[PDB]
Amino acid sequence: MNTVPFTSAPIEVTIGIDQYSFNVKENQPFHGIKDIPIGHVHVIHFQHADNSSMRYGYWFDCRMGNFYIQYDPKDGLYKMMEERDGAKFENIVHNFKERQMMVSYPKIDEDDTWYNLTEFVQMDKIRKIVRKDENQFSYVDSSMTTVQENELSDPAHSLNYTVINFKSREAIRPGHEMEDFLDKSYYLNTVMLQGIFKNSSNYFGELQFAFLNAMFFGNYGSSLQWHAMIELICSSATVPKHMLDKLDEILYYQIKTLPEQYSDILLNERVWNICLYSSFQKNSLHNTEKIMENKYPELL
């Protein structure tokens, strides 16, 4: 069980850790988060009480280094940093733990939610989507645009998701125009899976990461990416059985976790109705269809 110590909390802020969150008041004696489960990526995120504009946060994996958060009063945000002195780090973390100035990662033992949302998400792939090679953790915020968005403006601050475009030469073989547009199996299986992602696990990892950035930061380009990766599978007549069964589980837990009050802005009516009721896979997502129909029957 690992720890993200904090220097202090000089400004009032709502802090998130994965799917949990809590309020810290201005200058409250708050020194961090302990008992963070080893084996998963995590995200620690922020929304200032005085300006809910800009949610921001950091993806990290405590197996890759000792990370702490200190507020920067010049740049006006809580920054993640790495401590390379392991001895000073341990000794400082212990002092805080003894004075009980840390919140405990509040995982219930029955609860596999975070595992289910991050099953295929790997820090090494996050760091290729979010390019900042001198840090082992990755910054994301509400306003970051995607490479695809930038085509239709700072590249160093972009989300380098894999570009999916259904009306593109990449998606359509010459002489198979109708076939490839109406059944996207070629584009899914040969172009994307075999060609770019190499396997379904990397594809699902980017899908899951895009959803999480949409949910935690309200990042619009991430929501577009999530829906495009769902629609590419649902619009393919030929998909491996294990991929459909895994996709049903992935989406079930995403829909389960979404805030009920945020569904009007995070769910695309056209894509979901197409996927659940018109597409080739309309009868393959039993768990997702059941939770969608009971939780969001208005959208459908």
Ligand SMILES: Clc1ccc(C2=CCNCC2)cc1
The other form holds:
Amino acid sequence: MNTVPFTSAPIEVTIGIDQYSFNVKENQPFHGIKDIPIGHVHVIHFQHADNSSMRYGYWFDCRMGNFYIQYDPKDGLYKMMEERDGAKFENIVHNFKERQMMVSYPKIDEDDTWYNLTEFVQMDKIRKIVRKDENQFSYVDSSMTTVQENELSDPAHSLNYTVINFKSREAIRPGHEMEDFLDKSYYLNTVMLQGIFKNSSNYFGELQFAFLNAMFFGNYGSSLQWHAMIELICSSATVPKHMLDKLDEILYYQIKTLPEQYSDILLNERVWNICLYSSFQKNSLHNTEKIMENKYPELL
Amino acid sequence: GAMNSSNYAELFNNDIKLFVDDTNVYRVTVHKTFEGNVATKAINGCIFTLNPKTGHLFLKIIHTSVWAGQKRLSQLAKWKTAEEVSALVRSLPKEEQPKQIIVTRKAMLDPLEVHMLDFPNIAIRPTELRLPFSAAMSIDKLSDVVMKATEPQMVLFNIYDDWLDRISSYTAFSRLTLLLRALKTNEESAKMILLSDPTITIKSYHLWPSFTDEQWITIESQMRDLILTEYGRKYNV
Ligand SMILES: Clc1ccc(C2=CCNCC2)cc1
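Please give the corresponding structure for the form deposited with the named molecule bound, as opposed to the form deposited without the named molecule shown earlier.
Zooming out: every chain and molecule, the one shown earlier first.
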């Protein structure tokens, strides 16, 4: 069980940790979060009371270093940092725990929601999508744009998701124009799985990161990405049975975790009616179809 | 973007463009089976590809053999249009390739756009206009070459005959549409008009009679009367 301590909380902020969140008051005594389950990536994120503009946050894996949060009054945000001095870090945490100034990462033990959302996500792959190599952790915020969004403008601050475009040449074999455009199996299986992702887990990892980034930060590119990765599967007639089943679970937990008041913007009407009711896989997402109908029949 | 009555003169500027209409690409004769069911029998069709500035018609003939053993013919026909249209462009010299292609039906957009991925500088565009190009098969010479074909075939026409010698493209296109609209609304009367007088004749290299200027005026009025006509008979006005 690891800890992300905080120097201080100088400004009123709502704090987020994986799917949880709590309100911290201006200079309230608060020195971090304890009891973080080792073994998963984690995200810790922020929405100032004053400027609800800009949700931001940091992906991190406690197995990859000692990380703490310190407010930077010049740039105006809570910044994640690494302590290299392994023994200096223990004494700081122990002092804050003995004074009981940390909130406990509140895992109920029947609950695998976080595992189920982060199944295939790996810090190593996050860092390629978000490039900032001097840091073991990865900053994300709402305004960041994707590589495909910049081709349609600062390259350093981009999300490098895998570009998918259905009306492209990567995607469409000469002379199969119709076959490949109505049945994306070529693109999914040969281009993306075999050529680029190598396996279905790397694909699912980008897919899951894409949705979380959209959910937690309101990153539009992230959402466009997640929708795109779904549609490509659902519009492919030849998809391994194990992927269809895996995808029905992933989606199920994503749709389960979405804030209800946020569904009118986060979910694209066209993509979902198409996947659920018209695509090759209209009959392959039983649990995702079920929850979408119990809980969001309106969009449909 | 799309094409409507505001940017209507853009057709006749000096950017090369083509209209593609797919209405007559897939044509059938729904009939009864011995079992009292209904079956289709396909007959030859054509892709109607037109340069509105020059009047050149690239009439690709679609032989019923292309449909043999295929499924979902309506949808295939749109992909078959797009493939033939892209082949036509590819065969053209660069300096003759269009800068736009405007489809008369929004469902050709994606098929063409996929076939033309290699031509990024060519804009595939829809239109809001209710153009009557579907009636291109009420033109005897055109219907004749299509039904006689025994194989795929591309035949060239000037759909304006010689009109450009005397009038501008704008006016010629307007004559054309007026004429096809009338064929679309009441084919029989539209044709009685065109051929009531046996002294007027269709030149061998033409599709329309050789009307004097004053005769085209008498014809053009009778066609408007008809279109205003059938609009009453149909709307009881
Ligand atoms: Cl994460 C996120 C999801 C969607 C948006 C939208 C943008 C445009 N109108 C659809 C919704 C913005 C952010």
